[PDB]
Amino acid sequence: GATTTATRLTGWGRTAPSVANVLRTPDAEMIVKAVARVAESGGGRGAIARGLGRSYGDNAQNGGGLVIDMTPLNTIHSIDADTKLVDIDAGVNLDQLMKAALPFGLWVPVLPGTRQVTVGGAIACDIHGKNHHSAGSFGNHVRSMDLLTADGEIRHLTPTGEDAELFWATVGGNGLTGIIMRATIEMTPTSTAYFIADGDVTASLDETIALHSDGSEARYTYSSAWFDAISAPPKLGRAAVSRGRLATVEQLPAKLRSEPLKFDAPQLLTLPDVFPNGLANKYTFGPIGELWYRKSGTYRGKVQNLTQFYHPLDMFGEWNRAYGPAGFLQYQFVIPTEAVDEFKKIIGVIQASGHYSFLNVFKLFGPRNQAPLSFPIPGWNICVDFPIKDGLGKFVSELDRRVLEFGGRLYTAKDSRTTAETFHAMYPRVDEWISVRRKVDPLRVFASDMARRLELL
């Protein structure tokens, strides 16, 4: 049942609200009609797809225009264990897909830190995960997709076909080449739903960097770390590192061998439920605390399910991103591998800034792909979460400048406030991408708040 409703929209960050007509229909034919209507007009304030709204900024909103909610197009058409291909509507989310694919011994090839994202959102942001250095980003695994363009046609795009240019502009394109209706993804084969993991705890930034540079990364398909962004040096940049690979059946204890592909139910009680007063005791911040933390986060060959290995912060319940009525600003950047001193300088700047981030992701990215607006490049990728308070806006503008100067970039899926000038300098293939977009949407049928702010329109 199709509905068109005026709706106040924000990204996950709950900032920059704007009002748009939100179309919500399970009918593909209706979506086509709306795009044909906008194009007949043709353009006006245009249209943009929206997935599950997990992007923090303004890429899935369109103030004074049309937003098409893609979540009702969520049919899994087929899964094939022999070809390893899945054929699914763009509104299918990655949790749904993971659960449907497991009985075939198939693994979603790129998983982000939350499972509530659409296939369309995964493609449009060319999302990355803990296995980026071994598997690339989501775009690398798309074998085809059906794109509804401004001319009202549906184009079958393939990575190396005749429409490869448009394919690779849609990857990481933030919905600005049209509406992805449907895609075919090549999955990763697996015999189990478990990981075998090694954990390490480092004492400092220099140590965290050495561990990622000593060659050991090549022995793990999956690798990420939490780091300390608050402590003065030398504690600054100390990390709990979690690295592993998917387990094989024989690597499971006998207990788990009868259902190797099973996903366990996320249990009832989290840590806030069990320890409401917190985890701190008289030992926590001294030498016995340091030792305990070091020992508990150091291990070899530990069998873990998805939550344990991949969503380790789920146990922290209501404690993560808590207490702030003002909200938080999520800031994610990557710095080229070779710029290691520069990378260390930026971590120092953050620590000395007087803005405190507790939730810190650290990962070494691998080789980039051919998508001109793709975020990942090989090098040091960082996510930080700053509580909103005075001076933050002007400080993150300074961070932008250092990120840019050091050859790095910000991620559109996280950004709500960088400038067009900074963004364009961070993405030297932006003009190349813009030319593809104007060729495929001369009338700006597709438009968003981000497109206008970053002058991608």
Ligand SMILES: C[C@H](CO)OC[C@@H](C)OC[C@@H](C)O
Second form
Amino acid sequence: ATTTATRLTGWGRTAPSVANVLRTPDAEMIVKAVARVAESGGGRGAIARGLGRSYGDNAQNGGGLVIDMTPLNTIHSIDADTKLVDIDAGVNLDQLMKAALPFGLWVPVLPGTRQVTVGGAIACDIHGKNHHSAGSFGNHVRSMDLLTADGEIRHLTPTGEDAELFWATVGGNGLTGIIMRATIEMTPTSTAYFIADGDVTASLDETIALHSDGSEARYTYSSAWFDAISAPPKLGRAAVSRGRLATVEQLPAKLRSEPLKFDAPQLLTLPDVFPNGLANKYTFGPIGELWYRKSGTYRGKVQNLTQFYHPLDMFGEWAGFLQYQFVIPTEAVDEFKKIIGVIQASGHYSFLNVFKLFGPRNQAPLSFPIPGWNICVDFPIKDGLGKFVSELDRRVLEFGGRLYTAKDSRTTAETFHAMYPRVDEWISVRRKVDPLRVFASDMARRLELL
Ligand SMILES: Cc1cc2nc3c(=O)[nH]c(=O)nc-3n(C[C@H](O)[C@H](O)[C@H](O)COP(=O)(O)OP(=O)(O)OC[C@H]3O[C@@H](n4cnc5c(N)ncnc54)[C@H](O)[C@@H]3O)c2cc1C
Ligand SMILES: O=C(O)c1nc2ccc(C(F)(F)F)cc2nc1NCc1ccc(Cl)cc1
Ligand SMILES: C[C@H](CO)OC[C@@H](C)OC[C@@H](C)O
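Target state, the form solved in complex with the named molecule; input state, the form deposited without the named molecule:
Up next: the whole complex, starting with the chain shown before.
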């Protein structure tokens, strides 16, 4: 148990603040720190911190306490018959994935990096490539133990007597208390592999058409990279990757011996093999166009996790960036296209772009995902950006969509509240379970959730 004044930022490395960071594997010691903050009521409160993968300010508390949860990382049990895992909130999804595979169990929702805690996964109600078929992380929690402001540990379930507080904690960014422990229902699987279909579109219109032609219902997993820099018609052209978990008999004979094995992250990546880039005299001409179309079009390709899910891993080596993520309701297709147009003409160039059609939402009043067009872009920080993303906020807002707290460090409270029309409902729950504001964060203060 060590308390240390530490300078903390999100993954985006901005808006730093200084907090007292408690790092203890001792659960009783955590209960006491919270009991202390509640006693000298009130101060600048406390907030949990997972692995720090949120880009913004949700896991920090300037001039307050921050409880690092990563030492509470015991997997208590895994059961293949019930498909249930019982794990501390500090367990991470990579650790969990590894521990569970031998049981034929699969982490039901995986984000774009496995370095996130169970606590972070719940508090941000994270989504992945399978949202349209599996919903978000919150949908899969069968119980969790929440340390509240009064110093008690409350056992919450999605349909029990504490359902309301359960669903306020899902997506609650740690502002209902500290998730100590949870039970997750896993997805059964017979292999660690995917059967994947790849498609390449020529334009924004094609990308939308492919996601609206009914084909999505044939794949449990689906996401795309899209072009956000090229002028129309090239704007919004996409490499789409869709699939489902493979069964044993679908594997080639070579891989049937160990169907649930995970492959090691290799020493040599593509920057190590080709140091001078991948560009040749063909890349930007018709043969290049033809080559990209071909490599990105395929059917029934067997892929492991890295290949199917982390296709940025092969580009290795390739701070001053602003991550922006929003979703626009399904029906607002024209408005969605408009927003992509605004991005392209902005003079702000993003290369790392995610496109995904979200499925049905859950009952959490602060849950980010709603059915519709989800987009992430990554803008280099340069003159004009701050004021331009505010304009984007305005358009996202008026088009019925919202920003994601896990990605935000700079939107206003007014915008956020308008984007989340159930925020008042949520605030009423939070105020009932934390009258003295024992739990607090830089985000809570910025977005007036405190
Ligand atoms: C490369 C990359 C790819 C990503 N891809 C995706 C994606 O595909 N989908 C997606 O949804 N997100 C994605 N994210 C965002 C990420 O999944 C979330 O920010 C997640 O919350 C990070 O978990 P963490 O353990 O690092 O939590 P932190 O960022 O440390 O904390 C996040 C929030 O969770 C709260 N919290 C953490 N632990 C606890 C606890 N034990 N009890 C109560 N509250 C707690 C904190 O108070 C804070 O509000 C991505 C992030 C990166 C960097
Ligand atoms: O960096 C992030 O914050 C991120 N956010 C994501 C949000 C949603 C999705 C989803 F839509 F696929 F679920 C994937 C994400 N991948 C992410 N990162 C991995 C990645 C993989 C490929 C690309 Cl073209 C760009 C990013
Ligand atoms: C962005 C989305 C999430 O992982 O999938 C990207 C795939 C479809 O494209 C591969 C990239 C590297 O070109």
